[PDB]
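Novice: The primary structure of each chain is shown beneath.
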Amino acid sequence: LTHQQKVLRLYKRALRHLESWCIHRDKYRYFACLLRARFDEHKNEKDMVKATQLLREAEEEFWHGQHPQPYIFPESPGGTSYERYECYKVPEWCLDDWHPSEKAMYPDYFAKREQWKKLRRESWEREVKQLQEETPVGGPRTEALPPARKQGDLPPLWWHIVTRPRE
Amino acid sequence: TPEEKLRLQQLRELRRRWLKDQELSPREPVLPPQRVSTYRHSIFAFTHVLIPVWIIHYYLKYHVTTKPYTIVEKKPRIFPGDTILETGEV
Amino acid sequence: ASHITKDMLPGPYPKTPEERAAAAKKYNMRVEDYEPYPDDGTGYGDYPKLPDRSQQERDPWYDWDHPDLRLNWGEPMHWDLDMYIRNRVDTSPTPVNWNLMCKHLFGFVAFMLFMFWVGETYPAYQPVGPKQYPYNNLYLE
Amino acid sequence: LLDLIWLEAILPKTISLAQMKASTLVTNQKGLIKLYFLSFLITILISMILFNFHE
Amino acid sequence: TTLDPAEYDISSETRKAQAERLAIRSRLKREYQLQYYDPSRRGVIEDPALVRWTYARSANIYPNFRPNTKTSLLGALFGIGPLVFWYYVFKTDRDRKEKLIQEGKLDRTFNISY
Amino acid sequence: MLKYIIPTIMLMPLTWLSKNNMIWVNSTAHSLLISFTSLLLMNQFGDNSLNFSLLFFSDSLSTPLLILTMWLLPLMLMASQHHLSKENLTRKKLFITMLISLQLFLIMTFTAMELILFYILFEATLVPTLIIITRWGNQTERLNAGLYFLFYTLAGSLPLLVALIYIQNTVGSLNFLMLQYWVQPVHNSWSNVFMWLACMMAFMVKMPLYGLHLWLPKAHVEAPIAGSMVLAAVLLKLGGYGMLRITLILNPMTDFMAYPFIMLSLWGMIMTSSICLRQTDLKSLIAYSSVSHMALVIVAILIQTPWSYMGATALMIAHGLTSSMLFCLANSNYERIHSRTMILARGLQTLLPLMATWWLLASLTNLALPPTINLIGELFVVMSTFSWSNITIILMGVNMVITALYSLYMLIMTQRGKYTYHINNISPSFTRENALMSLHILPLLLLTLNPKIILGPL
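Chains as they are written, first to last, in PDB author numbering: chain f, 10 to 176; chain c, 5 to 41, 64 to 116; chain e, 29 to 169; chain 6, 552 to 606; chain a, 16 to 129; chain 4, 1 to 458.
One or more hints might be untrue.
Straight-line C-alpha distance at most 20 Å; calculated EDC-like pairs for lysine to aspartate or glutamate [claimed, not checked]:
| id | chain 1 | residue 1 | chain 2 | residue 2 |
| --- | --- | --- | --- | --- |
| 1 | a | 31 | e | 61 |
| 2 | f | 21 | f | 35 |
| 3 | f | 126 | c | 108 |
| 4 | 4 | 418 | e | 61 |
| 5 | f | 15 | f | 101 |
A few chain a residues that face chain 4, going by a derived Cβ cut-off under 10 Å, partial list only [as the list claims (entries may be wrong)]:
| id | residue |
| --- | --- |
| 6 | 18 |
| 7 | 19 |
| 8 | 45 |
| 9 | 49 |
| 10 | 53 |
| 11 | 63 |
| 12 | 99 |
| 13 | 105 |
| 14 | 106 |
| 15 | 125 |
| 16 | 128 |
Please keep in mind that the hints were generated in silico from the structure rather than gathered at the bench.
Note that beta-carbon positions come from the ideal geometry of N, C-alpha and C, so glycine has one too.
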């Protein structure tokens, strides 16, 4: 993380912590531009300690008095009912063993199920042809070419390209 | 960022295409298969409640004559004296 | 059948730079603040080179943690520091150490002395002397 | 750290103690028949003085 | 209490060449996902971080161990310590109860059970 | 046993005599037919006592104990067929015969009529169980655990021959427990202390203590193929009942030195329960549970005076069905994940919903749901040692509280998400996996209907 974008990680949560405490909507909305004037103290300057002392005093009065049980937007890392839908929980590929008269239903769905597998069954003449080439030695985050230079299939095929939908 | 531009364009043509694939129900694809197959209020409650009445009452009438402690009902709690006795009370 | 550096060994100063990472990559090139020096204090039955403890700790807490699964659920590859105490434990909140609950429980510690007193309704207090006169002194007539 | 250590202290000492004392019995007997037979007369002289062996 | 936990520090420009410690793990992550994505695996990953975990915890602690310190002989203050103390409680027990059971009586007379 | 050992020895010239793969269906078929003969001639009345025929059987009169001995052989053959079928047929049939031979000595044992036939039968085991650990086990460090499986039980049991023949030449003859009417008392000496010491200490080798029990999480940790003889090792540990035979008489009045066996089995009771909440092995997880409430019964016996023999009769069979059933859970979920480490099993409860009921009721026998056969005896251990003193409820009650966590510590490990892995472990709990998982609670709660037969003299 860099020093300039360290301002941005605080700036969104500076106002996000405030609407936890408000009672109206305009009461929170009146303090948006009102807090903006403090942000408009040093508009554009150098990147040295003058920009760090604006953040070094943003240690206090940001963590100091921070969010007394705030809003959480319940579908989140925290919050209630964040992972509540777990009786279903999307068991993708639980459907290998059937021993049919249980595979009687959905006839066209299984006919398409084996169809997509040939896209995964034939990708390593193309994906592994660039997997040895795109990585220089052992370097950074290893996504492929996002078109794979002819046809990107996927590169992340198929557990990510057919990833779990929510309900 | 210009790097992921070709990303998430073919992924929408793969993931939502898989969801276009996943949205699939050919003529309500249940077979089921084979085979088949208010006012009454005649036997839905009569099998429910009206039958076990006689069985358990037989289990109590055939119980008091066998066990020496049947129902152990308490005293009278009577303030005057009444016709069940011969005397009265003021 | 993995025999080469299958576990830890009698460390921690048998060329500790050649420990991490010829195998058991807890450190990248023996300067990552996780080189296998942290044999707590040895002599005991603790961990030796031990790709183990005093590495940065006190929580895997199931964070946002999107660059892999990588928090606690979804198997990052080789970052084992300590386990079996953390599937139910967390990081620091906004308040700090102050044990005010014993002072909060001290609110009845003043009224614990009030448990020695009595609770008769009538009459009022008049707490100046023995003129309150609780029990029976004299007879009928 | 106590259950598999300080209970692994007393009984695996016994195997190591016997294997210490099984090492002093064969490796000191590598030939030297001069050194065997001077020790058998030690056995036959210590039997006279020591005990009820002449009484 | 447990902890502060010091979630903020200083930078700019302490240890400019310290970065790309993710290059250690992203190479393993590339080695992870290439092992993870294949048309036929049918089995678990070897995952040697758990192999080196339990076997260097359940075993290989007694070869590590030596009684060269008294903080390794410190388990005498926890194992045999209270074990004398419960008997020090219980030897004072059961005899004071017995003397009141031998000399004098205190029980109810309908103590058949017991 | 008039003819109980007699039909089952004829089962032995039937394994290698038979055909090919028919040997499994044939061996199970004959085996259940003896189970009625066990039930029929036994369970008779009943008032002190049923001396059965002669000098080889006293009919197990005071404690029946013998029905449980005969479930297991038509119960493990369906379990051992998980991972055994890779060898020659003549080598696999030998593995069948040695387990059948294990039952025959134990059929004559638990009744045994005597004491000089007891010890030769008390030591008649440990020969077939040791061979099972050596061949067709698991990965290495077997052979030291085979040596720790010896050199303790044999180390402690040898002074029994020092004790018993010293009784046989002194006062009468120990052929008959019922000719033990004249029993001289035993005073406090410096010779009689050791006489009681050798009489007792060998029985602490099998049902463990806080001491000398390191071998017990070796045979259960390093174990045969899929809990095969491990189920028999459950009866091997609980089958140290013979303290009930011996110390009921034959120095009963030495209780002045009972206290360090009371205390050591009591603080060690509360300790070894919590010695496994940070354990990383499934087969070690049930093993340390099997120490704690098996160490509960020892203070029920050295403390005399019934309302203690009542529950202790039932507490032998309490985990004897339960821990056998938990090992059946642990023998499963290993043919599908080939490592026994519990942490790798995240993301269960969704692939196998049918056996998820069986996880619930099994661990509901440790909380134990007081109309069962488990909390009907633990209340009588409360009923005894509270009359001893008022302190004993404290350390014994926390044992009922630690295993409340320690059982549900396993159940919650099944519930996790997205499972990260497992293109294997597909198999949705086939017929052998769930029919063998049955027939454990199916007699257990059945015995909770009229639990009259599970009662000692007492």
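Novice: Please go over all the hints and tell whether each is borne out by the structure.
Specialist: Status of the hints after comparison with the structure:
Straight-line distance between C-alpha atoms of residue 31 (chain a) and residue 61 (chain e) comes to about 16 Å, which keeps the hinted pair within the 20 Å bound. Proximity of residue 21 (chain f) to residue 35 (chain f) is assessed by CA-CA distance (about 18 Å); at most 20 Å being required, the pair is judged to hold. Restraint check for residue 126 (chain f) and residue 108 (chain c): the C-alpha separation of about 94 Å exceeds 20 Å, so the hint is violated. Between the alpha carbons of residue 418 (chain 4) and residue 61 (chain e) the distance comes to roughly 32 Å, so the proposed pair goes past 20 Å and is violated.
The straight-line distance between the Cα atoms of residue 15 (chain f) and residue 101 (chain f) is roughly 38 Å, outside the 20 Å bound, and the hint therefore fails. Look at residue 18 (chain a): its Cβ only gets to about 21 Å from chain 4, farther than 10 Å, so that hint breaks. A cut of 10 Å between beta carbons decides the hint on residue 19 (chain a): the least distance to chain 4 is about 26 Å, and the hint is violated. Below 10 Å, beta-carbon pairs count as interface contacts, and residue 45 (chain a) has none with chain 4, the closest being about 17 Å; its hint is therefore violated.
The closest approach between the C-beta of residue 49 (chain a) and any C-beta of chain 4 is roughly 15 Å, which is over the 10 Å cut-off, so the hint fails. Interface restraint check for residue 53 (chain a): the shortest CB-CB distance to chain 4 comes to about 9 Å, inside 10 Å, so the restraint holds. Taking 10 Å as the C-beta contact cut-off toward chain 4, the hint placing residue 63 (chain a) at the interface is violated, the least distance being around 12 Å. A hinted interface residue such as residue 99 (chain a) counts as satisfied when its beta carbon comes closer than 10 Å to some beta carbon of chain 4; here the least separation is about 9 Å, so the hint holds.
A hinted interface residue such as residue 105 (chain a) counts as satisfied when its beta carbon comes closer than 10 Å to some beta carbon of chain 4; here the least separation is about 6 Å, so the hint holds. Taking 10 Å as the C-beta cut-off, the interface hint given for residue 106 (chain a) holds, the closest approach to chain 4 being about 7 Å. Against a cut-off of 10 Å between C-beta atoms, the interface hint on residue 125 (chain a) is violated, since the closest Cβ of chain 4 lies about 15 Å away. Taking 10 Å as the C-beta contact cut-off toward chain 4, the hint placing residue 128 (chain a) at the interface holds, the least distance being around 7 Å.
Checked against the numbered hints given earlier, the structure breaks hints 3, 4, 5, 6, 7, 8, 9, 11, 15 and satisfies all the rest.
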